[PDB]
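Take a look at this single chain, the form solved without its partner chain, given in structure tokens.
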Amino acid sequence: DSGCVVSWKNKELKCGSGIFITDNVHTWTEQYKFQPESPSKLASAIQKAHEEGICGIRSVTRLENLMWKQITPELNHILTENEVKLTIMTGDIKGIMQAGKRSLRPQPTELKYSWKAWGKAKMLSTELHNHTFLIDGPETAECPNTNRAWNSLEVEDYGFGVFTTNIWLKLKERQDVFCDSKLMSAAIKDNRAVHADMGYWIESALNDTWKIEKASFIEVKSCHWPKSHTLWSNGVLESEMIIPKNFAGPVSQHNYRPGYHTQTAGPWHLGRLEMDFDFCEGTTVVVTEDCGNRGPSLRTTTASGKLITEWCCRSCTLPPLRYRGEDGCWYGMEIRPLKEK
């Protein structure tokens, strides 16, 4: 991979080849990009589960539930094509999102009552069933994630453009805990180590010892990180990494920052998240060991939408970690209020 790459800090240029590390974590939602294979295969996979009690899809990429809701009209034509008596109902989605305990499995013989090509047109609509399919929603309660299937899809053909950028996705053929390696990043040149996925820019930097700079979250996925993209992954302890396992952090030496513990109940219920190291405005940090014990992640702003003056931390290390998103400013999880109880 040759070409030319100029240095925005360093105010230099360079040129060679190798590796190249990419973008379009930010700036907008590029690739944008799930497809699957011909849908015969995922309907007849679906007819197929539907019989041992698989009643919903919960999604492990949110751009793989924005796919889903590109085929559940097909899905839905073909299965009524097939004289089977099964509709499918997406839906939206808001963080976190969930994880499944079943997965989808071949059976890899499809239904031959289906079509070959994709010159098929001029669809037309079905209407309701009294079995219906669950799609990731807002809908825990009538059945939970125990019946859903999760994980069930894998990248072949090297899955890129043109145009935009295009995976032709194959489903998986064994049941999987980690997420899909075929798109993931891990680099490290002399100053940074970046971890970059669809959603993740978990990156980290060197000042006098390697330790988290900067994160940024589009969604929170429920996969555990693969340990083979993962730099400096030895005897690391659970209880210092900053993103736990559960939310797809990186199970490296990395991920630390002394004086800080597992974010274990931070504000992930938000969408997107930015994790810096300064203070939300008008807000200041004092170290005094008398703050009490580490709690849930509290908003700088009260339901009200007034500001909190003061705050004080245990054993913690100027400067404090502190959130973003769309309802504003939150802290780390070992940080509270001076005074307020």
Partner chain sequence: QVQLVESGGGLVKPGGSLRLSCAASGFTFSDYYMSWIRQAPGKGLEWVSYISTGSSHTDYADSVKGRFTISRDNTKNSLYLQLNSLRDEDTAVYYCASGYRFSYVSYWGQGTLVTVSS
The other form holds:
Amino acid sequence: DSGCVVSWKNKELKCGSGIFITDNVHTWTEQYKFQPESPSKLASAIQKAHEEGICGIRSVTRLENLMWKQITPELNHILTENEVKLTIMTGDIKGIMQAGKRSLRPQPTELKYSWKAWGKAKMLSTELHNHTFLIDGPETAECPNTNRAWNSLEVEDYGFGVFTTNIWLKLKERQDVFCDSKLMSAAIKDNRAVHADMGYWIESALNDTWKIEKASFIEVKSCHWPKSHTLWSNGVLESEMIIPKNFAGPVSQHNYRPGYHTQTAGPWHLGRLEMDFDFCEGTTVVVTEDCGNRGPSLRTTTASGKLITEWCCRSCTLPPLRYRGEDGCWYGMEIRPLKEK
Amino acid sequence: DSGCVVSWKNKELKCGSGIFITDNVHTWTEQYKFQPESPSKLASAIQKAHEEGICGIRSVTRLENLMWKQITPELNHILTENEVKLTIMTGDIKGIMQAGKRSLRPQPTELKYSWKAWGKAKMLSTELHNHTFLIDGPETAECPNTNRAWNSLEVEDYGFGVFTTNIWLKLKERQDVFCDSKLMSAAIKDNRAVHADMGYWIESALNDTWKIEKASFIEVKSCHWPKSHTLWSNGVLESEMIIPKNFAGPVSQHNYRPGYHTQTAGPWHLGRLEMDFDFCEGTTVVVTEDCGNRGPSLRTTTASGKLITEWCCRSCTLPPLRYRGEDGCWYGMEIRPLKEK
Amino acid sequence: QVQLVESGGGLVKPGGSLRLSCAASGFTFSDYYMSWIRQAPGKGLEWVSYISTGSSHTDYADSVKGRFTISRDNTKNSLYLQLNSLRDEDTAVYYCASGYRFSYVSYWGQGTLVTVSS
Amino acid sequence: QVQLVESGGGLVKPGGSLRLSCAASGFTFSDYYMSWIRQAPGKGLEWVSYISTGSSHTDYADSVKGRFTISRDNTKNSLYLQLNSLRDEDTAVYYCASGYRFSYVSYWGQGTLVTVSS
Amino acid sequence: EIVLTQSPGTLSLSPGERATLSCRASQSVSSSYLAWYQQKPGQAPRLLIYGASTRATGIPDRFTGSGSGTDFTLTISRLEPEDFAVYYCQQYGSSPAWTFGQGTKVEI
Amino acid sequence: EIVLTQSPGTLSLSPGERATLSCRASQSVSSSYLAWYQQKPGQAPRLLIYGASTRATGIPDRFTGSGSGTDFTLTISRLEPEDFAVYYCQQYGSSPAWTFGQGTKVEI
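Got the form solved without its partner chain; could you also share the form deposited with its partner chain bound?
Full assembly next; the chain just shown is listed first.
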């Protein structure tokens, strides 16, 4: 907690004690690797929940999908060793990361026909049964999220390894909707206020009044941001949040921006986003009262690739709010084409 | 904002980008040196306010007094150069760091008989007039705080110099009660939440529920803690923060502790304090319902220096709340002598 | 009318380099996206890269990361792709297409042929 | 009866060292604050240092910071002060008194005398 | 990845018939974002449907695009000797793959 | 700093009179925390008032402590030949100086 840090913006050096906030969202986010707790508990947690009537698992953090993608070989073996007619298949993922309705629970009495080490060898493939248990994927038709579990896990208190390639996880003891507070951060030092976790980099600054400045997302979760890590979280109206509360928007007055209301129907379907306040290339925004009312976000390029040049806003504030993704440059809700349909 | 930080507790190295919160409250707090803005504005602000009927100035922070303690040679020169029948005499100050009822204001039309530099030499001693202007000190009888100004200054936005032995200061454009937000910080990273400034090191930690753990004060100011730098500042009751709101206590749920209410009558009159949760040496605290009700805090040593061994609390929570100052070990309100009167 | 003419194709030794150019006319070149599409002999079509209007997106295919570079010049209506570290599987017909991976392609013209062998 | 006995005073060379001990009896030594008070010849009384019951406060005078050391032993009811880096003005009658700077002093006993010269 | 599948691998017919094609989708394309391209041997590909239902400019009316959801069909009302070519189907968002369809050869 | 002042520096009287002292304070002592000590030359100091008003144990009745606020007076009702000594005044909290009072000499 004590060290010396150089500052490029101020051309100065900071030496002393305190708390430093790691980025963990740009420049090869590292590592948040995945080794869960004893597999016998998790393996036993499935069929008892499956007997209850669960059909699948959704993930809360984008990396958590990777843990399942490399654990089901172990899970399939242990349950088949207990002659359990079950099979597990994982899949890909894309925003918006949906959320289920129920979750797992112990039953801490685990299976008694398992080994102890997590790195066993001579893996043997299993068969397939009529009972198939799914995980997060493009399966929104056969089984909905109502019969799917979600936010069943939690980051272990001692399972924090930033250098050791492991983050231990245990299943929660109660139903919850908030995100995992064990890996989350928030700070402010006299010019900037950043709310950060494994996926979010919501950053706000002060020019004349405190307001949001930029945000970057490698994922779009659906868990509510806990109030224990929110700066200036009093008297905040939910109809003025720049980031919606349902998308883990922090409940704060630092999530404000004059002239803009909640972005309920922004380009959140993209997996990655980079929200800032500038102009899309080759576009101009003019403030006028006759422009159209706010609606869903519109891409700056049409279906033929042609660019839309002129835009208008009713009561926005320059510079306009725009999104950077893999699709181009999307504008905010309050920005509409000047004359194009 | 990017660097590598070594952590002794975790025995690991943290490298990345983000915000580092310097301690700047232990180990020779350095530096926050002293020079205000152009002297004519400050010099013109005295006699203009003296015409209104002001009589003295109070310092919101301990270090703000050291602004005056070394600048009073300078203003005496310019006012004499402007043939002003007034004198400036500063002195020592002690907690509680009292606050006046009004403040200075421009009148940005400054004196037209002054130089520009702030490091002039060849000081010439001046005379004394029947009209005397006081500064913060033990003068609570001749002139009350009603005719005394307070919180009339503000840290310049470009006034941040950590290696340069100077910190630019300017007078506020309006009356205010909150502390200086320009040099102010708060942060939290997954185990600890710290609110800090030049005088306060309010630190909270999580064992089972988030609660205050320790705090250190080199000053006891009277400006309200702004909510723009408060973590978890919603739904907080004003009768439950350990640090009172009047003494720059952060309005937050991290300022909570089960079994204890606000310490409005603690030994704050001491200049320096160290709040923690342990036992004073040679003392024992036992939970009992027949112990006396909470009152003013009591020093563990009598007027003869004898130690009081046994203590009782009605509905406290071990370990008891105790203070480290220049007087010994003071217990909280909810702790009373078991049998001593 | 929209004619898209390209030049630069020819046989090259593996590990060499090459430069391809596209010439557009008859439409607002400085208003659309631009992309290069290659097709191996007798196989299906495949994207290579696409560039934005102001040259700020410039996304590339997975198998050509760090080897291919794309650029455009809206002043004289030209589109440029730079070949570097060519390998033996790059032998394909390269089409200059007026399109974008998230959109349909409107105009195609006379894709040039490049071969990488001895 | 509260008896306070001290020993160790004597003539020493400047820059030397010395150790002063206090012998307490007749009262609960492990229950009161302990302090040392010196008095220059013909001058007023001045605080030197004081120690808490559990030996955790141990405040020292401004002019002797880092040069003096104070300690106590409650088991045998003994109070100790250590003299180091003695200078010329340190010649004073040092009193072992039962007190504390923030309290009155109840018991004084026959403070010893120390001289720092050649 | 919504990688598409084209069936059948090849088609055999005669002039004057009415041909049908199929571009299988992985799952639930968004807003019917699909297009059809004709590869005359050997020329640059053309564009037929926007759109999955809207004919492109300058295209004869016999080219009809249909289908919705995850199944799309391109059907030519009347066969014609020059129409024998290779047809590709592309999805444009979201998210599209890095390659076009496999293509179906139409043979006499 | 509440460094005290003792006036007068010395006092001259005769046995049978009634003397008074004065320990000037800088400002506003707290809870009347003042004490008086007797220094019979040459022995260890004694204790007279805790206390600023209350006689200490083992002290003759003639020693009377009074005063409040910022002025304190130690008055001996009955003079006595052995009472001629040096008297010091000390404030204990808060916050006391690092030195005792200057002392007042009582001379015949």
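Positions refer to the first chain, counted from 1. Just so we're on the same page, rigid core means the largest C-alpha set that superposes within 1.5 Å between forms.
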With the core superposed between these two forms, a CA shift of at least 2 Å among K116, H131, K189, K101 belongs only to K116
Comparing between these two forms on the rigid core: C-alpha of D157 shifted by 2 Å or more?
yes
